[PDB]
Amino acid sequence: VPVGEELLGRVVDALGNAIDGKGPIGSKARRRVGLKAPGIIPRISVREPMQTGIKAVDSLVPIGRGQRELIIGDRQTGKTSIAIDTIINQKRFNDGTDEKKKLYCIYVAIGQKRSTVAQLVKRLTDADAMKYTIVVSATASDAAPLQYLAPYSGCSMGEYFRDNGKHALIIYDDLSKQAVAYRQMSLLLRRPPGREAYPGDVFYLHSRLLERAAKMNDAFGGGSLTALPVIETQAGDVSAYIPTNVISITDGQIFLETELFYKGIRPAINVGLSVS
Amino acid sequence: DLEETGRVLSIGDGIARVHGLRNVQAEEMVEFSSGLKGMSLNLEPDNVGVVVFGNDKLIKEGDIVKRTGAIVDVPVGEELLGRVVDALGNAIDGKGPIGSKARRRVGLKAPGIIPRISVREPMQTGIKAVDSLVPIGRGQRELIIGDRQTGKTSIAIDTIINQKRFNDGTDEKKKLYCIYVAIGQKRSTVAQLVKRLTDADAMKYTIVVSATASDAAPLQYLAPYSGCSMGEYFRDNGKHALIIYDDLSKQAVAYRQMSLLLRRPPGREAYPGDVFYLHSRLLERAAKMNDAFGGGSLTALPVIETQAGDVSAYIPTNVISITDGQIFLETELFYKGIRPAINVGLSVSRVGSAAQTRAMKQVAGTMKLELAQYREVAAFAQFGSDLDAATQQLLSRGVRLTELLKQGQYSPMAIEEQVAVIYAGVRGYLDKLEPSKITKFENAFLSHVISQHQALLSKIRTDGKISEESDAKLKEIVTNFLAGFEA
Amino acid sequence: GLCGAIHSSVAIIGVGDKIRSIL
Amino acid sequence: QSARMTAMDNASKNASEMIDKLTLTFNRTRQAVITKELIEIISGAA
Amino acid sequence: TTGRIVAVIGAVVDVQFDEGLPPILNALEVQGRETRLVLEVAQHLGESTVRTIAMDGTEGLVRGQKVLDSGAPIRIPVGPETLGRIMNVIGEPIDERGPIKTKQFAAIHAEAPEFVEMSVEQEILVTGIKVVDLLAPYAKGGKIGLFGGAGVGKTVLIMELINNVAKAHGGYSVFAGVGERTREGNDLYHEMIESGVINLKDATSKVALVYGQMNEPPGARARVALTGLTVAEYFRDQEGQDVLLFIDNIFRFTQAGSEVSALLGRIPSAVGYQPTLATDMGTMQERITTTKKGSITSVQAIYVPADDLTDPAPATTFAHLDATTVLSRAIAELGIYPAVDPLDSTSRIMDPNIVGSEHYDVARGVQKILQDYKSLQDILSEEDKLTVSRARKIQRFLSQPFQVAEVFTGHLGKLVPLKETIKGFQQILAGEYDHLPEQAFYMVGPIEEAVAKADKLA
Amino acid sequence: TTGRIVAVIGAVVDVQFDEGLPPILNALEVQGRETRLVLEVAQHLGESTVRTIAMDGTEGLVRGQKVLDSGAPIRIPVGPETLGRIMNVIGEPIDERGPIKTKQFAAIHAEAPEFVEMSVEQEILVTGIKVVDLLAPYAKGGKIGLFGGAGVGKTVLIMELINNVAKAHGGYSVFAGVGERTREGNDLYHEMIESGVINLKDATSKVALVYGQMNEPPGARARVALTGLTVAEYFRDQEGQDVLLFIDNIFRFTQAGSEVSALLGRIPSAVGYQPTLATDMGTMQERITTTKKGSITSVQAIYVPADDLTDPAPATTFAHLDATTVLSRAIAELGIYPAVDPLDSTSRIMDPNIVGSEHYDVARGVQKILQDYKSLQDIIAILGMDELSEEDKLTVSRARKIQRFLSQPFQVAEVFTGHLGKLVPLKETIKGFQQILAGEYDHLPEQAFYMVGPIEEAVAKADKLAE
Amino acid sequence: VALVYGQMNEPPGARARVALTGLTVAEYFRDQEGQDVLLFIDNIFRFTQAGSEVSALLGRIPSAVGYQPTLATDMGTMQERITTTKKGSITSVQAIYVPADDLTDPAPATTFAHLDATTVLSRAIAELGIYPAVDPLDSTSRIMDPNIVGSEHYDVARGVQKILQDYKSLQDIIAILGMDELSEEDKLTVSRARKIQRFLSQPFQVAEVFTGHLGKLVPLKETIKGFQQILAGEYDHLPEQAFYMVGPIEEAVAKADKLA
Amino acid sequence: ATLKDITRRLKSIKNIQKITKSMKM
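Chains as they are written, first to last, in the deposited numbering: chain E, 97 to 372; chain W, 24 to 510; chain F, 76 to 86, 105 to 116; chain Z, 225 to 270; chain H, 9 to 387, 396 to 474; chain D, 9 to 475; chain S, 215 to 474; chain U, 1 to 25.
Some clues are possibly wrong.
Calculated cross-link-like contacts (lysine-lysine; reagent style BS3-like; alpha-carbon spacing at most 27 Å) [claimed, not checked]:
#1 401/H <-> 24/U
#2 376/D <-> 24/U
#3 74/D <-> 359/W
#4 148/D <-> 429/W
#5 74/H <-> 89/W
#6 463/W <-> 148/D
#7 260/Z <-> 4/U
#8 218/W <-> 148/D
#9 227/E <-> 435/S
#10 439/D <-> 118/W
#11 218/E <-> 300/S
The set of hints was computed from the structure by calculation and includes no laboratory data.
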């Protein structure tokens with residue numbers, strides 16, 4: 097896929113093709129989508145704050161640069177909104193001249209409807225946040241392979257910043273829909289189903305993606321890629337198969353609940369069940 | 024030659040598909056070129072599905088497979104007593120060869136309707152709750168069932184340990200040879216187990232048959248049957264044997280592995296349609312023989328592990344239905360202090376009174392009725408400060424008898440010692456004693472009567488009941504002992 | 076408690110522990 | 225004392241109806257779990 | 009014709025035939041084996057090969073072993089000579105008394121009676137037992153679900169039923185042990201000998217025994233109910249009798265069917281049951297009915313898996329039941345025998361139209377007064401005190417000494433005619449015996465003995 | 009002997025050999041790869057074709073690609089030169105420190121010690137962790153399992169155990185990272201350098217590291233535990249000294265087997281698992297053990313999918329352990345750390361004849377009071393506290409204090425608790441719970457008992473909570 | 215109005231494609247006429263169910279609950295055509311059947327994300343007599359936003375939902391012990407929530423045979439005002455049944471006056 | 001929702017039913 101700062105402010109598809117009507121994407125660099133995560137050595141402990149600007153998150157379940165932090169909950173509990181407030185939050189740093197404090201953002205939409213992604217982009221443009229944001233979109237009418245691919249492609253765009261002494265944030269909205277697209281492909285390739293008809297290696301699908309979010313030591317540039325994957329639960333069951341699969345990958349989770357939401361607890365964060 | 028020999032077509036996951044062997048019998052044991060054995064479970068038009076007795080790394084495509092006239096049998100006799108063997112009767116205790124003079128097929132049919140007689144001789148566990156409320160007779164099959172770590176093996180071990188008093192005696196009807204079958208357990212657990220039996224001087228009349236976690240599935244599958252045939256030696260020679268299958272859940276798992284890998288059709292929980300048949304063939308071989316056939320017996324205590332108390336899962340359901348009764352163990356009773364953790368209300372013995380001595384029968388009935396009446400009222404034992412005296416008495420007798428059913432491990436009790444404690448609660452001598460003190464009271468009381476009133480305990484044994492004289496003496500001892508203890 | 080609307084209907106002394114805990 | 229007698233009679237009735245309702249939910253779930261597991265096994269085998 | 013074994017996989021055996029193939033359900037006889045091995049045809053696989061289910065163990069079988077087509081389904085001895093004997097699923101004696109010397113044999117697979125053969129006549133099969141006859145009566149050709157585990161006097165009830173039906177009506181009984189525990193099969197046999205319902209010295213036996221023991225393959229346990237049915241069908245269709253058929257256990261009939269279906273590779277249905285659950289049940293149950301010739305009435309001991317009455321097995325069975333007998337531990341511990349719960353046991357023929365108007369009213373009166381007694385247990397006035405003492409005397413008059421428990425107790429067992437039962441409970445409801453003591457009604461037969469028990473003990 | 013790749017589907021590779029067919033378990037070397045790619049023989053399919061599991065990614069493989077039989081299973085470096093180093097599944101160094109300076113090697117597949125080789129010795133291993141020491145103590149040379157659902161505290165606990173037990177250990181330790189986070193591997197590696205348990209300049213390193221994390225394909229994750237334990241087996245048998253073996257997380261071995269099971273042509277068993285789950289586990293677990301030759305104290309973190317302890321993977325693991333520490337999300341959710349379920353954690357040595365009557369009585373007393381409270385909670389949630397008898401509400405208040413006194417600040421958890429870590433001697437653990445049970449602190453507030461070390465801190469906290 | 219029909223008498227191929235036929239008709243009016251279009255579909259679940267029937271006949275390996283492995287993509291390719299564009303407006307209203315009342319069933323569960331507003335009906339609510347049987351705590355809209363509907367609208371809506379949620383998470387205790395055991399504070403929230411529940415019911419012009427009442431249509435400003443007044447406690451004295459099956463709040467006042 | 005959860009609730013409401021009845025009496 098196309099890779100670099102030329103993608104900033106642009107809405108692209110799963111292969112980096114411009115879908116925003118603004119003209120062809122012209123980067124000087126390209127990058128493979130299926131590269132393995134850095135091992136033990138290229139890494140150093142997460143120690144730099146990735147500020148969301150959300151009191152409950154920053155104080156109770158803090159996110160650092162290079163961390164993976166899941167956003168999880170039922171439909172309409174406020175999951176996307178956490179990611180959006182986080183992207184908008186970076187303007188304070190990005191307007192400055194200190195490159196080590198900046199955070200470049202990538203929003204990957206998987207399986208969403210195009211109008212929702214468009215409203216998302218309008219919001220990020222009005223807040224003057226699009227200028228440092230790449231939107232990668234594989235929507236509901238895109239073929240299953242494109243939806244399966246989109247997270248990895250977005251990840252490759254983010255790994256550009258990571259490997260060049262810069263800091264990027266990536267949102268996967270959402271991994272539930274990616275798992276569904278992958279399940280289809282796998283069943284139709286006649287690979288026999290496992291639990292809940294998902295393929296035997298549905299864990300590995302998400303674990304290889306999320307491991308690529310990492311904090312690099314100074315030898316490798318000191319850069320980072322922070323991931324906020326999104327999982328949709330059904331009836332608020334955080335303890336379900338696929339949810340616990342992804343909880344068991346990430347470096348924590350922000351758990352949102354409808355009960356709390358309507359009680360006036362917004363953001364609807366369950367403190368005891370959330371961790372960093 | 025393709026009649027008496029074959030060649031491996033494919034090998035994987037303990038299953039060898041073999042071309043030829045046209046003359047093999049269903050369930051025949053054949054030999055690989057590596058020396059490993061296999062059992063011919065699937066006879067198909069173009070191949071034999073052979074289940075491997077070991078590691079498949081020594082079996083390759085094109086390997087020669089031979090019929091050897093092999094008979095699936097095990098050593099049998101009094102020479103196995105004190106020994107630890109594998110599923111096939113080979114010594115694994117490092118004490119040299121089994122000096123076996125006789126052998127017996129592991130796969131044999133159970134005695135039919137006719138050669139049997141009603142179960143009527145007590146099989147004493149030495150555990151008060153069992154001997155009184157879930158009594159076992161010789162020839163019976165009594166399930167021990169419960170979740171992990173509920174005390175299942177302990178019941179079996181204490182029962183084995185209990186037989187020492189009979190086996191050291193001179194009565195040529197009371198003895199009882201023991202067989203403990205370990206299926207799918209870890210080797211160190213079995214080592215701890217045999218240490219326990221050795222220290223208790225129980226190994227001398229016990230055979231341990233063990234097919235552990237790293238043993239190939241067919242070995243774990245066979246082990247119970249192999250042990251059964253060893254017990255059947257005693258049964259068929261006018262003697263009495265006790266077999267423990269610890270546990271049949273793990274045996275079923277091993278059989279399921281084989282069935283699925285042989286591509287037999289899966290059912291509920293992926294078990295095959297013959298999984299009931301697996302356990303029913305095994306457990307029907309426990310029997311009490313009539314005098315015409317020697318009068319011998321084999322008693323079985325199968326063990327089933329449930330998951331989160333689900334006694335209605337597939338394998339529990341099967342073995343519950345097969346057996347003559349069940350001892351149900353529960354986690355919340357265990358941690359409440361009810362140890363052994365027997366649910367008295369749910370546990371049953373269909374042989375019942377027929378398996379009890381007169382001394383036990385004179386107290387077990389009263390206890391059963393009073394606990395049943397207590398169970399109706401027990402929910403509001405802590406929510407009835409103003410309820411009437413009649414239901415207050417049911418509750419008061421209630422958790423007193425319950426405390427008397429509690430018992431420590433590794434000291435199974437003689438029947439006369441059991442009834443002397445059960446009588447004390449039943450005839451009302453502890454109704455004024457604080458609940459929490461009863462377990463420590465009984466320990467002190469029992470030590471006191473064993474040491475000082477052996478003449479009294481003998482009278483309950485020699486006369487086979489508690490007389491008026493015995494009743495008067497027990498009243499004096501209990502009441503005066505109670506006052507000293509509660510201080 | 077557990078007597079329906081006995082305490083609530085009647086609700105500085107008050108006879109009954111429910112009276113003072115409610116008021 | 226009359227009001228407590230009354231309220232507890234009704235509570236015990238409400239508890240009864242809830243026991244029935246919950247036992248029915250339990251057993252539908254019990255059956256559904258078994259059926260679902262079997263359908264996953266069959267699908268994998270086919 | 010003679011076929012050859014081409015496959016053996018557990019209790020499933022495939023056989024190839026050179027000429028005409030044996031139809032599905034035909035019994036095949038395996039050649040060259042010590043005891044008798046029957047294979048029942050289940051499928052035509054194509055290429056001249058049939059798939060069969062084995063009736064005994066299949067160990068030692070060789071591919072190419074000769075197999076003989078019998079020309080018919082499993083055929084078993086039928087006639088008076090089955091009475092007092094124990095046979096297996098394929099009709100072999102298993103009591104070591106020699107051949108069962110009948111002058112007829114019959115196929116165990118037989119179609120249920122046709123529509124035109126149906127009787128619309130609804131008739132009570134009088135058992136002579138007060139609890140049953142009054143409150144939950146048996147219907148000729150009907151099916152009765154027998155509930156309760158052990159220790160509630162199940163076998164004694166069964167033996168008394170056999171004794172009473174033969175004594176009152178002149179009809180014989182058939183006991184089919186489906187998944188019989190071999191130990192309990194031995195116990196039942198010797199208990200029947202002691203009670204006199206089986207006589208080993210003459211031809212007066214009242215029951216024929218058919219055992220399908222637990223250690224037998226799925227095929228055997230699945231078909232043994234049919235074998236028992238076939239023995240019963242002779243007494244109905246050839247001797248015009250009102251026959252009793254006991255099936256112990258109906259769930260184990262279902263279970264064995266599920267196992268057979270599994271072994272044949274058929275995809276399981278809901279909860280793991282065979283897809284043929286309802287037809288397996290229907291083709292068997294529909295043979296139990298009233299016809300022009302007579303009737304087979306069946307008492308079927310019911311196991312309810314997971315205590316779930318909505319489980320497919322009991323739910324499917326319940327569709328065929330006309331009555332229930334609920335044996336209760338609570339009723340047993342009160343000393344009332346038979347230990348039949350008088351409120352839980354029900355019958356579809358408890359109707360003012362089927363049974364008499366006099367029958368319905370008294371039984372409804374007994375039900376009401378027992379429920380009202382339970383209502384007054386929580387808490396009396398002169399009317400309430402009258403209803404309490406009446407009901408307690410009714411509780412006792414429901415108890416009965418059995419003829420089968422005569423040598424064990426010494427107490428004379430009683431068979432009480434229907435009208436004697438109705439008028440007995442009628443005279444208590446009217447308060448005609450509230451002048452007399454209470455415990456004079458415990459463990460007696462006809463009401464005339466309860467009066468005499470008050471006349472003697474006054 | 010030389011084969012050709014004939015099929016590639018994910019981690020599963022089929023290889024045809026015209027001549028010498030390699031036996032099951034053999035390691036095969038793919039030619040024409042930049043980095044070494046090992047295939048392990050799993051099956052003989054027939055037609056001179058073997059089915060194999062790859063130890064690294066299969067991207068770039070071509071039908072026709074040549075494959076060499078090494079003539080043996082995967083062989084890895086063992087011995088003292090593994091200490092202070094990091095190795096992968098196939099024995100390669102992954103610490104950028106050059107070659108493993110050794111020439112003694114061992115196959116990762118081996119037979120389990122026989123029944124005759126078993127030791128029955130079992131003595132207490134004090135952890136300084138109140139809940140563990142009181143209720144379900146560990147034994148030296150025993151098998152310890154730490155069960156838990158996702159994010160309940162398995163790793164924090166294993167790290168605390170490494171801190172409390174391994175830092176003052178008289179022998180060698182092996183840590184096996186099996187299917188976990190690479191970030192945790194980096195954390196641990198640099199922590200042990202900072203503590204000196206690993207030394208990069210001299211030969212004083214005490215710990216050997218083996219890793220195959222969740223970034224690796226299933227073949228790697230299926231086999232890294234065998235690699236890790238092979239290193240342990242050498243230190244046990246060829247030396248005779250005591251070994252500590254830590255595994256995080258052993259579930260990942262079973263999960264990896266389930267990932268490839270359908271592609272190996274297996275009909276699934278219950279809950280989507282391989283039919284071989286239990287024998288697979290048995291052949292691996294039965295090697296993880298103390299023998300008459302030497303001691304292994306093994307501590308294995310055990311993942312519980314969907315928090316369901318009846319899941320075939322954890323359910324099958326229980327029987328392989330001597331002590332079980334079961335963690336619960338229901339408890340973690342309350343801020344009770346470590347999140348140990350006191351009513352679902354067990355130990356072989358919780359026996360009055362081993363730990364003494366005092367220890368045993370207090371442990372059973374604690375469990376009883378907690379089970380009594382658990383049974384009451386739901387009744388009092390609806391009918392109210394005021395309905396309880398004085399005896400019941402005394403057991404409630406004491407139980408809630410006991411629940412809190414089981415919580416404890418860990419040194420390795422300071423970044424999570426905001427409290428300094430604490431280690432509590434067994435003597436003090438017994439005394440503390442004894443006194444609460446005896447009603448000696450009935451007058452103290454509930455919260456005084458939360459998140460402290462010894463009972464003296466609860467008293468001090470109660471005084472501080474006044475003003 | 216243009217009508218397109220493929221009903222439950224049709225084989226599955228027809229039922230799977232007929233929604234596309236309807237869409238195509240609407241697409242023309244949206245694009246080649248650039249005009250405001252209304253599209254009504256009853257019932258879109260039937261599209262997915264029909265797909266399940268054909269998938270079984272196509273021999274696909276089935277997905278969860280026996281559904282086609284292509285459930286989501288098939289739905290996406292169809293739903294993404296049901297949309298407003300810069301070229302023209304489609305206001306679409308799709309009735310969505312819920313198998314065995316299970317909202318987690320893959321069919322309805324996958325449909326949610328294709329919608330801007332959702333009205334979720336509840337059998338429990340219908341059985342209580344509240345029509346329309348809308349679940350007020352499970353029905354959502356993208357325009358429920360203070361910057362869109364104004365702070366007054368937003369505040370009253372969230373205030374109504376708070377009191378309803380507070381009533382909901384007392385259901386456990388109420389079902390056992392009744393309302394009389396609750397604190398005065400909780401009793402107040404229960405009484406108002408029950409009045410709000412009833413004021414959310416409304417006679418429909420279309421359902422006059424079933425309600426027995428003339429249908430009512432309420433202006434937005436009147437809806438806001440009515441629930442605002444209830445939340446403020448202005449009608450705490452009025453009986454609950456007064457708020458049942460009315461239009462504007464004045465009808466609830468008049469109804470209470472006739473009662474007492 | 002899940003069998004374990006319902007199991008606990010069922011044991012709870014069964015105890016309440018009994019207590020409420022005794023309290024009525």
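Going through the hints against the structure:
Distance check on the hinted pair: residue 401/H and residue 24/U sit about 23 Å apart at the alpha-carbon level, within 27 Å; holds. At most 27 Å may separate the alpha-carbon atoms for a hinted pair to count; residue 376/D and residue 24/U exceed this at roughly 31 Å. Note on residue 74/D and residue 359/W: the hinted pairing is violated, with a Cα-Cα distance of about 65 Å set against a maximum of 27 Å. Proximity of residue 148/D to residue 429/W is assessed by CA-CA distance (about 31 Å); at most 27 Å being required, the pair is judged violated.
With a C-alpha separation of about 24 Å, the suggested pairing of residue 74/H with residue 89/W holds against the 27 Å cut-off. Annotation: proposed proximity of residue 463/W to residue 148/D is violated, straight-line Cα distance about 32 Å (limit 27 Å). A distance of roughly 17 Å separates the Cα atoms of residue 260/Z and residue 4/U; the hinted pair therefore holds under the 27 Å criterion. About 18 Å separates the Cα atoms of residue 218/W and residue 148/D, which keeps this hinted pair within 27 Å; it holds.
With a C-alpha separation of about 41 Å, the suggested pairing of residue 227/E with residue 435/S is violated against the 27 Å cut-off. For the hint pairing residue 439/D with residue 118/W, the CA-to-CA distance comes to about 47 Å; that exceeds 27 Å, so the pair is violated. This hinted pair checks out: residue 218/E and residue 300/S have alpha carbons roughly 15 Å apart, not beyond 27 Å.
Taken one by one, the earlier hints fail for this structure at numbers 2, 3, 4, 6, 9 and 10, listed in ascending order.
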